[PDB]
Amino acid sequence: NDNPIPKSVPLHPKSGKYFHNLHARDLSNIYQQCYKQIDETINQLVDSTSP
Amino acid sequence: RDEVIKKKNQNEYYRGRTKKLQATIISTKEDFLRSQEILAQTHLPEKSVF
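Line by line, the protein sequences give chains C and A.
Quick note, the entry's author numbering runs 3 ahead of the 1-based positions in the first sequence.
Quick note, the entry's author numbering runs 348 ahead of the 1-based positions in the second sequence.
Chain C extracted, bound-state conformation:
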């Protein structure tokens, strides 16, 4: 209506290219680095405190 701007259209193969390209950016390396850091911090704290 009015301005010919449809709300949505069916997917196109050219648009399918970008749809296949779109992905959620990963945190696996970040999460594993954080886990290793906190684990080694705990291990250090195990004997760090004065007896």
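A few of these clues could be false.
[To be verified] As a list, the in silico EDC-like pairs of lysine to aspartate or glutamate whose alpha-carbon atoms are at most 16 Å apart:
1. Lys354/A / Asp50/C
2. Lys355/A / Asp50/C
3. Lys356/A / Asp50/C
[Said to hold, decoys possible] A few chain A residues that don't get close to chain C, going by computed Cβ distances all over 10 Å:
4. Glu378
5. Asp379
6. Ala388
Hints in this document: simulated from the structure, not taken from any laboratory.
Beta carbons are placed, not taken as given, at the ideal position from N, Cα and C, and that holds for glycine.
Once you have looked at the hints, place chain A on chain C.
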């Protein structure tokens, strides 16, 4: 973490120096015992110097 490891190494060579000074003071106490052994014999000056 590296600085904490360095400070642990600091604590432990300080412990090594503590053991070394404990050895020094046990040696000093043995010297003190030898001093008492020397004290055992009186070496009194004569009663008639003057």
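Comparing the hints with the structure gives:
1. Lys354/A / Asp50/C: Distance of about 14 Å is within 16 Å: holds.
2. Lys355/A / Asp50/C: With a Cα-Cα distance of about 13 Å, the restraint between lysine 355/A and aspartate 50/C holds, given a limit of 16 Å.
3. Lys356/A / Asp50/C: Distance ~10 Å between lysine 356/A and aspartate 50/C Cα, so the pair holds.
4. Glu378: holds (30 Å)
5. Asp379: holds (32 Å)
6. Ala388: Its Cβ never comes within 10 Å of chain C, the nearest being 43 Å, so this holds.
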